[PDB]
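Before any questions on binding or motion, here is one chain by itself as structure tokens, the form deposited in one PDB entry.
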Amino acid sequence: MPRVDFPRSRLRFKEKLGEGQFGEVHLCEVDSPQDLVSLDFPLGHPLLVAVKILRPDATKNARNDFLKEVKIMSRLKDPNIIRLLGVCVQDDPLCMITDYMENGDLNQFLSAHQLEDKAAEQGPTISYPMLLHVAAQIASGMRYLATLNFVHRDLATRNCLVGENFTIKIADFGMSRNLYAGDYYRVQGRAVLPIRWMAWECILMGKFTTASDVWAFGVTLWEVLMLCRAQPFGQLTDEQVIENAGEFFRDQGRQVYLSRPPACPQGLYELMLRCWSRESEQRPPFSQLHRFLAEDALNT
């Protein structure tokens, strides 16, 4: 990656999207960005971008994590993955710049919609083929990550972003959001794990693989067909979810699965169940999941 800062002077401030312990997040406009970034430009208006601004008196520890995040993000270039557009690091304050997804994270997007009813034909609605199109984009992005030997480790709707025309980009917001605190279980010090999205081997042995990403995709797809109305295993405690992973290990018929979402076709629930195969090698690859869902989306 070239060591050339994005020009701060090309970031017109529009709105503060969030504030946190070590800085703020701003929404900005960049006029005629073709000379600065290379993109599949969305439809002569300025390009919206998100900017995380590290606080100017950030600790060395915070700066180090900031730099490492830039490094991880710099290698990700795919239509269904969030894109690092640039950074400002040669002076304070440290800035990183991504593309902007106007509809926010996928959990809040689907929480505001209802499934369209064909035997009842007044908030916004979404069709079942469109839910399949969303899931197919997620699988497409995860497929790309798999080709990089990149294990996401925290796939869930809360880490998927929604742009125009239902475009989905996978992201990772860490633990910078109090909204989803209930989705994480504290194991050691400040480290937390999203156990309800994690495969049994992740919970019991800490084995995070592409195959465990497939397990998380099954839960994420479950969220999408639930329109994010309920936490996975919502009426079970964290300890009980951890027990459930031990029953996948025990393998004597006591493990439990997420139920088939209302109106979810049996074939799609069967796809989820293969993602939750006890043996990681029996879980479908993301290329198969993408192919299944992309065809199912067009044949529905």
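Numbering follows the first chain given and starts at 1. We call the rigid core whatever largest set of C-alpha positions still superposes within 1.5 Å between the two forms. First, how it differs from the form deposited in another entry.
- Once both forms are fitted on their rigid core, the CA atom of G23 lies 2 Å or more apart between these two forms.
- In this overlay on the rigid core, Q188 has a C-alpha that sits 2 Å or more away from its partner position between these two forms.
- Once you line up the core between these two forms, the Cα of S32 ends up 2 Å or more from where it was.
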Contents of the next structure:
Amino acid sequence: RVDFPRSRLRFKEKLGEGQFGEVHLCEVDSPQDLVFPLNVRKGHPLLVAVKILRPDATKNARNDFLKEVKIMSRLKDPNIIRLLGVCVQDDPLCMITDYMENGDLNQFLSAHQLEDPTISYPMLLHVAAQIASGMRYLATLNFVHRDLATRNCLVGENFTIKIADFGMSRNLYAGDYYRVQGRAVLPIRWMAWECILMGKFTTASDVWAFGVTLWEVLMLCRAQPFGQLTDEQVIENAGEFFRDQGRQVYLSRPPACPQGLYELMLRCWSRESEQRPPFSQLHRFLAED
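Mind pulling up the form deposited in another entry next to the form deposited in one PDB entry we just looked at?
Single chain only below; no partners, no other molecules.
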């Protein structure tokens, strides 16, 4: 219940610039003194990522950061960001996690093509299975992510995946969010129809977003969901799911995706939230395959 020693965090480079803070890549000085679940290979650099709140950030930003610490303090799964430690008794407030050396999954995967930098079909399924495993864990906690997408996943060594949540402000992904003055920013292309129409976010809407995330993976992250349709058309499509007159449209089957796997995606996009498969089944399907 004690702070990680802030003085042992040695800056190396900036990983991200946020509205109210920054994420740094740091080395941990003399880490064997602290093992704090640090995974140290003797005499090698222990690299960590540190999310830091600017000390002069607004009171509201500090309040939101303190709530994030509370949420993050519960998350203990190999496929979700895990806290190695925090520095919160004094400023700047910080949260420390393992460094994932290959960055976000969208940028990582889009450099690859399906093997004839390549990636095999079984490896794509292994990536997707890890995401499903992380979401399965969140579901056991009754924790709704609300923004699952490949841009919010991180890649480490050997295609290991962890689910994160960068928020909605990065310029690189601005086109993935729908902005209206005075409203929440919304990842409409990943959202179940009931999220769009009623603002109802649940584990079942996380399953829908998982279907879209799986589609992205099988597209090698080289296409945006519903990419030829306008934001207005995507919102209109949510209405068609509600109306249930056969005019709703779905993401198409990726070239890399067999029909059986596409049918799993379609189950994730069931109109009725209760008919969507649970993450325990999605993981089993993908891990067997």
